[PDB]
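Colleague: Position chains D, C, E and B relative to chain F; hints supplied.
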Amino acid sequence: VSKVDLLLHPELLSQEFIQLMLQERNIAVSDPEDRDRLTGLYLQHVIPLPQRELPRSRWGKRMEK
Amino acid sequence: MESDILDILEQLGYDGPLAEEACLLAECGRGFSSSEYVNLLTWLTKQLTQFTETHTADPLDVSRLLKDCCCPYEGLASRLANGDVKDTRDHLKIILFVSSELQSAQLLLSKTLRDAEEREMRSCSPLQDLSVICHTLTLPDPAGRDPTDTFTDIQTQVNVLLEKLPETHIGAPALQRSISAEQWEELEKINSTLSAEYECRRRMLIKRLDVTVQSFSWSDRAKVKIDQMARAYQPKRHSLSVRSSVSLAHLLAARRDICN
Amino acid sequence: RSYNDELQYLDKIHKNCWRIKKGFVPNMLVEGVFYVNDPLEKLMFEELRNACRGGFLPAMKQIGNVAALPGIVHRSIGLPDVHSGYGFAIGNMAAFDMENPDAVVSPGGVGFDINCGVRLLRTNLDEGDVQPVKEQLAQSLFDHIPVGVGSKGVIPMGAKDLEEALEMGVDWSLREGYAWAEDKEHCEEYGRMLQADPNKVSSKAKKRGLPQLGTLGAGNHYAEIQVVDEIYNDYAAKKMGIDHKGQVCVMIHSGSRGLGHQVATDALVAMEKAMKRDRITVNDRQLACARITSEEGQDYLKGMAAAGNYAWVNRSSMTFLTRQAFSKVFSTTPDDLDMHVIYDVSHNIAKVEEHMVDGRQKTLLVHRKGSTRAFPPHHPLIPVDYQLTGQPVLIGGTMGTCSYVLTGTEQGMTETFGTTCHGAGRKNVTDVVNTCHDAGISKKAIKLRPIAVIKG
Amino acid sequence: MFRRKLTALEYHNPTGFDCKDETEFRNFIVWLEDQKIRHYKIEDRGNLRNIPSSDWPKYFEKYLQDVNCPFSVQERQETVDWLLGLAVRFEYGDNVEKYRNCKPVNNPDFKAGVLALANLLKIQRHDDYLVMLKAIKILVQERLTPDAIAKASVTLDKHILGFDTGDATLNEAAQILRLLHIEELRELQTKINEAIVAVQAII
Amino acid sequence: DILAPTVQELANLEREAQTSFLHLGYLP
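Chains as they are written, first to last, in PDB author numbering: chain F, 18 to 82; chain D, 1 to 55, 62 to 266; chain C, 3 to 55, 60 to 432, 476 to 505; chain E, 1 to 105, 124 to 171, 179 to 228; chain B, 706 to 733.
Among these hints, one or two may not hold up.
Mimicking DSS-like on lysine-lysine, the simulated pairs with C-alpha atoms at most 27 Å apart in a straight line are [said to hold, decoys possible]: (1) C:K368 / C:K23; (2) D:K73 / E:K103; (3) E:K62 / D:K229; (4) D:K92 / D:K46; (5) C:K308 / C:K210; (6) D:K231 / E:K216; (7) C:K308 / C:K245; (8) E:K103 / D:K99; (9) E:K129 / E:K140; (10) E:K216 / D:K229; (11) C:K357 / C:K492; (12) E:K58 / F:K82; (13) D:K229 / E:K41.
If you are wondering where the hints come from, they were derived from the structure by calculation, not from laboratory data.
Looking at chain F on its own, in the form it has when it is part of the complex:
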């Protein structure tokens, strides 16, 4: 419960913690001083997303049943 709350808010994370996550996931980092690039990379690759709604295809119908 703590880890998901930590990963879902890049705004409150420290610079060092964001850099540690980016290095742990083996993500290439350029201009590490700038916060904007680090936040962009974190939002593009690391942040989780909510559950996707069931697709209209047959797989979604099978999953619903």
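Modeller: Positioned in the frame of chain F, the structure of chains D, C, E and B alone reads:
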């Protein structure tokens, strides 16, 4: 694996008799003997060869494509070339692989085209402004056209909506007095310092929002409703920007209504 | 001292500004001033003459004693409603520079009732619409809001809820759903104080103030409803959301209940002991002062911040209760009624501002007892609506006289550190408002007249 | 190998991916689960998120069985390809029509026209021939739009500039710039209020 | 550290905004 292949075919769109699971299973069990199978393989492989940089469903050609397209299935290429394998599972696997590769190639090409057009838009050129005006005034795209022709077109277009609306709609400019070229450097400096100060103010506002949402996140219900909070907060929050977009063009285009 | 020997120490700068030079009281550090018109001069001078001819010092002498504490910069200021009170005079203003280690805080400077203030709500109805159901509305407001000594808040609370409210403030009230997102915008300090520690509050205060939340209390606290009477600034009134006369508004005047008083007393009892070690002597034993960089000073600052957050939570809860009552009476959603909040000012808080003195920037901790903060237009701590007209200042009076809505000015920011009056005090509210307007420290925009008042 | 499929899904290391690695495979699996598939909730993925534990493969089997994948981890490459195809299919099911049709395959009169257009729309002349063109762009976008045409049917000195540059004509421009900046800041504040309301509506 | 001090840096931002506001139009 029948469901996955049927879903892929429905996504790609097929008018053949493959919409029935039983017919597809029977055709796959038949193997390369069915003309439907070879026709479908040719239909997929022509587009797959068109999409790949290196540019008849005989086993040799499709096996060569599998070798070229970095097909990762264990022994599929060699066994397909030899023809020893006749199991229907191999047929399902090869159909699935080729269809998924075609779908991925289409997605890659579409994303590359979108990125290229976005990069072209990013350039600070009159073309972006002209395209914006033409799109918002239902006019043909001026790109690739004579500039005088497009200018006359937009000129003639503007009046037909000018008189339809009341005259007191556009209004008079708020910047009434004439400004010489000497004062423009000082005006630019004033705009720059104002922009810096208001950027700082905007950043402080965004940080206040950050603190408020952090205080929110410690609620007891905040630990059980993570999905809804993420879905309703991430896209709203990650669209705000600290940069101030006011420029001298806004000053020139400002009308008397903003100065009331 | 002789009366003429006393009055030899007073002079005038201009029509609406006197001046008390050094020597009025021992060990002064800078001259004092006060803003009074002709009617106010008579009252002040009669008080001084009678004092020179009771156990309470005169207002001018209390200004003088305040003008001697270490670290004080610029001049001691007496707003047109200044009158005698415990420690600092009621309506007296003083700012201390944090850079000087000799600077001190004062529990009496902030006040016993920490962070009591006025919040205004606008409503799109008219006087002729409320009047037919005026009695029903008054009864519903009286029954819905628990007002009186010993009354308990209708909504429940516990130790965890109280601790969270002390830590956060309006954020807690807005998270539970008691206040909209707009309420946090139109609040001084944006509704909460950044530095605050609930564990710096004595547990006795927390125990005492647990059932007191949402309760108006006795004294000058009320939740009255009134009608707009006149508009002096059309642009300011339009910005505030009041365009035509006859509009309905509701002001809630409320304090910190028992947390503020208990924090003040528990800080004073230790501050007096710390004074002996700190080697600080002043004219009056009631002027408690210890260094800013001290355990007692920091503890009092944190306790006062927690009391302010509690008072803001109480005011937000009162706003929610009033909104619910109005919605139930008029059978309409409160958002449709446009029951927003114009502003929320606090006149019993000391805050760390960044005024400019003698052309040199300085970070000043400012005590404001009985006086309301005002800021000039374009200040970066005012809502976006009021960035062109200046911060609203609401003169919360009592039953009878009409409350006022002034706005700050550029002159007041550089002259009186952006501070204006906060009521008549223990005088005429109209005279005080006129004195503030003529002195260049405010300008009136709306005048509101009461119809119904809810007291205890 | 998996290069095109990963690139279509916008992977951060399209080339450096290796299927046979131990930790990096789990990192990729968790990235695909929380980014390109999104089956469960964020909080439920915790057991799958824990990378270095020795009990992780059991949760991997549970995840593979839940999505009803025809294969298992006995063939790691098989499941990698199937999951990549599933993610690409999920991305495909947004706009089928547009994705199906993809197939690889200082002038004086300009300045005169811009000047005429600016004169028609009451825009003051400027030294640079591109600034007033941007002015026409903003004006047309703000006023010549379907919403504005559908909705078609205090003095300047009364405001406070907050300072004084000492000029009589630059003061008006400073006031206008201040008003524009205030309007942008108000727009940002409105968005912030909307976000706070949306978040608090859940609780 | 796993978390950053947000309230302190918010106070710093507010102070910086006040300094900029004073420097713009109150400089003698």
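Colleague: Of the hints given before, which are not true for this structure?
Modeller: Result: hint 7 breaks, nothing else.
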